[PDB]
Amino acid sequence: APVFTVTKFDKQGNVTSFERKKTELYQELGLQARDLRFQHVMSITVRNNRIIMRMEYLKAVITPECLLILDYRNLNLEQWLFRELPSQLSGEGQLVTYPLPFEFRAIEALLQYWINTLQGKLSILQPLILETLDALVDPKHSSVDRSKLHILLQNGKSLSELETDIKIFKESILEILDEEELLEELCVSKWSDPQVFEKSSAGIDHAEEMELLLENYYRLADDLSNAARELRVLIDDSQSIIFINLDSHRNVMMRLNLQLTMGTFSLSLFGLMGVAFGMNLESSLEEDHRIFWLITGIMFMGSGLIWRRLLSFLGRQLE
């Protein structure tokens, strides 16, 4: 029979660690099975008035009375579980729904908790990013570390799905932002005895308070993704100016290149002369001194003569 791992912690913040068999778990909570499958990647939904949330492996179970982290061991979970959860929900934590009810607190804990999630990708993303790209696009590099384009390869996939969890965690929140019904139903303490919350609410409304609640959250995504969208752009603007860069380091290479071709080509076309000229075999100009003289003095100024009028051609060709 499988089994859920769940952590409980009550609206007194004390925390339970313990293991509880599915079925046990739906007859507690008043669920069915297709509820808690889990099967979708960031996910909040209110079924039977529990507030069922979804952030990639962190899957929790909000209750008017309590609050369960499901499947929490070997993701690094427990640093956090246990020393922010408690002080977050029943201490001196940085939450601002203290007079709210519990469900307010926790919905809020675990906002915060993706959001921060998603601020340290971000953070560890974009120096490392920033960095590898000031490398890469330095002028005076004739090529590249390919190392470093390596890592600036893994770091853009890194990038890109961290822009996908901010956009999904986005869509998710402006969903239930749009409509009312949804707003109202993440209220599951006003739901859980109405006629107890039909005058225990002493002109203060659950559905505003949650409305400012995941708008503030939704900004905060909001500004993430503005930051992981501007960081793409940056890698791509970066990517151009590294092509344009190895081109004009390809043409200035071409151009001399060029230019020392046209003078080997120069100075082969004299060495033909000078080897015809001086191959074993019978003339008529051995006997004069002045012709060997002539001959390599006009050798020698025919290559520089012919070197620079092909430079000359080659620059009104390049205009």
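Positions refer to the first chain, counted from 1. Each form is matched to the other, and the largest set of C-alpha atoms that superpose within 1.5 Å is called the rigid core. What changes on going to the form deposited in another entry:
- Comparing C-alpha positions between these two forms after a rigid core fit, one residue in 75, 124, 212, 96 moves 2 angstroms or more. It is 96.
- Comparing the forms between these two forms, the C-alpha position of residue 197 differs by 2 angstroms or more, with the core used for superposition.
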Contents of the next structure:
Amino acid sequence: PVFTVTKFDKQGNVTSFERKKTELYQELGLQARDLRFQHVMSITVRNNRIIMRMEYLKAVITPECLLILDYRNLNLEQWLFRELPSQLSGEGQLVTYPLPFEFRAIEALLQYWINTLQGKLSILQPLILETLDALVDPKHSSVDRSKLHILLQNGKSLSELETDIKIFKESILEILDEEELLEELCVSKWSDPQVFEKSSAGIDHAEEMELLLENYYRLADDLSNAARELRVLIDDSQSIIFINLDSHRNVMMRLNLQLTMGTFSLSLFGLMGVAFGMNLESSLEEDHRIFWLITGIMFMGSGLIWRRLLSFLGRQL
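Moving on from the form deposited in one PDB entry, please list the structure of the form deposited in another entry.
FYI, this one's just the chain on its own, none of its partners or other molecules.
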């Protein structure tokens, strides 16, 4: 096929072209299996070439140049053509530390990925915090139906972000743990064992590579703790939501039971009113002191039975 290559030289100059994969393997001195890019996160060195893939960002770091592959249709235009050249050129920062190009390229790629991981968390966190805050207030019998889908979607994005940080840390820690892997990153040292050793002023050794990789492992470790705390907060907030729903359930069920007692009291003493309303000879239809006596009994009796019933639920706490 073809690889859309954006090539940065040691001076930060940007050249973009297109080359066949078969010809690129010979030009880079690699094989077809080296540039398969079939791992979502991987930082490997194959024949003096640093091959890194971070999700959509596939790059190869050569002794003298940095190549970005498959840079189209991925919003890799502002960083690639305006921010990346400045970092690779070495301008500013410190002029007393002329580190090799591999250190500048590895730092630029690692910094870029830690920025997208940080940016993803800086967007998820306000969304989850604002959705959980209004879902957890104990002032409603129910919850917002639409905002539960937001929490479900944002929780899924949080778990995918947690994996992205986790596999970023594993890739860096794999190189840090093994000294041979860490030494392989010093690409210019092996390309020129004599020219690079001439400037033996501590420009790049095992310490400088370890310091660079440990810096981004700790930055990603900060992301892991912040993303893990957010996931813990989601679980804690949902448990408070469950107590809120089941507490107002009991409040409405107590009011319903109190009103049920009142309707039973009226029905119990309204039965004698219904009984005395039948069109049968009650032998009392002529008395003038029976209607008001029964009417008083029904109203007072309903009140007394209601008061007695209300103490029944109070007895049941």
